[PDB]
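Before any questions on binding or motion, here is one chain by itself as structure tokens, the form solved without the partner chain.
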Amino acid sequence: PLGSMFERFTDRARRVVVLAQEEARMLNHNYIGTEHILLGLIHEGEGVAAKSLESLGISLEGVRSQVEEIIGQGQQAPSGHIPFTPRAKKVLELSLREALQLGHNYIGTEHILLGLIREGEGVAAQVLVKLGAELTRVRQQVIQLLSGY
């Protein structure tokens, strides 16, 4: 609500966004799309989102390969800040809604992944399906990791 786009993000969730930007830059991409957020979630390596994805066999190299196939490497590397796609912004908005509903005042890696699945229609969703990870199964893995405590 108040403040910066990223005020509520945990340290790990902030690192997801930093990594997403660098993953877009490495592909010579002109936006940070949902698939770069997916790459950042895995790349971050420690959070609930990375754990959920890797335990389903979704790998950083597998996602990078699928993105290069579907989207293709761009011609020129962007310099500076790379803007979000409209879909990636919607994912980030949904991540806040997921965190609020779950009773938290922070947005963690789990909430970004749940927001990504809820949007369910962009490049990340296309890649997860191509790799054999159904969106509902990814959601189930996250919820399982958040439950049972």
The other form holds:
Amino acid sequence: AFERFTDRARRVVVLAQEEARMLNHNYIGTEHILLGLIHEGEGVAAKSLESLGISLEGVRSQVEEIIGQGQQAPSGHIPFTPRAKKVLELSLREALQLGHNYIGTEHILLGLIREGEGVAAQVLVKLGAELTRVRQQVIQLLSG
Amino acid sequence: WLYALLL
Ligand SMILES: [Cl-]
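Switch from the form solved without the partner chain, shown above, to the form deposited with the partner chain bound and output its structure.
Expanding to the full complex; the earlier chain stays at the top.
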């Protein structure tokens, strides 16, 4: 659970919620987690996506093409979709397997890849970043 | 945890 998330990882989740709000969405989908990871800017996830050429602009374009926006933004908390819940569950396991009791931004990105089937994965594939390529980039940047 | 935000 979130007590294990690093400060940056917690911020990724908050950013995902506010990305959804600003798109007038009323759920946090995997694509909002992806946007949150890019927004966070500092962590290993942000650096992995930037180094693959995956930008806020490319992801926003694809999310608008695939999901579009709502008419009216919601207030209060915006619930996770079932797939986003699965991504966050999987992030715990990714972090443990990489030897960490904390969940950092990279483990959220790895859990997103591991789920592999939501809007974020469609976006990444459309932008030319196959999931295995993202996973390899994360591992390579951690190997430094 | 695991409904919305940091819950
Ligand atoms: Cl982190």
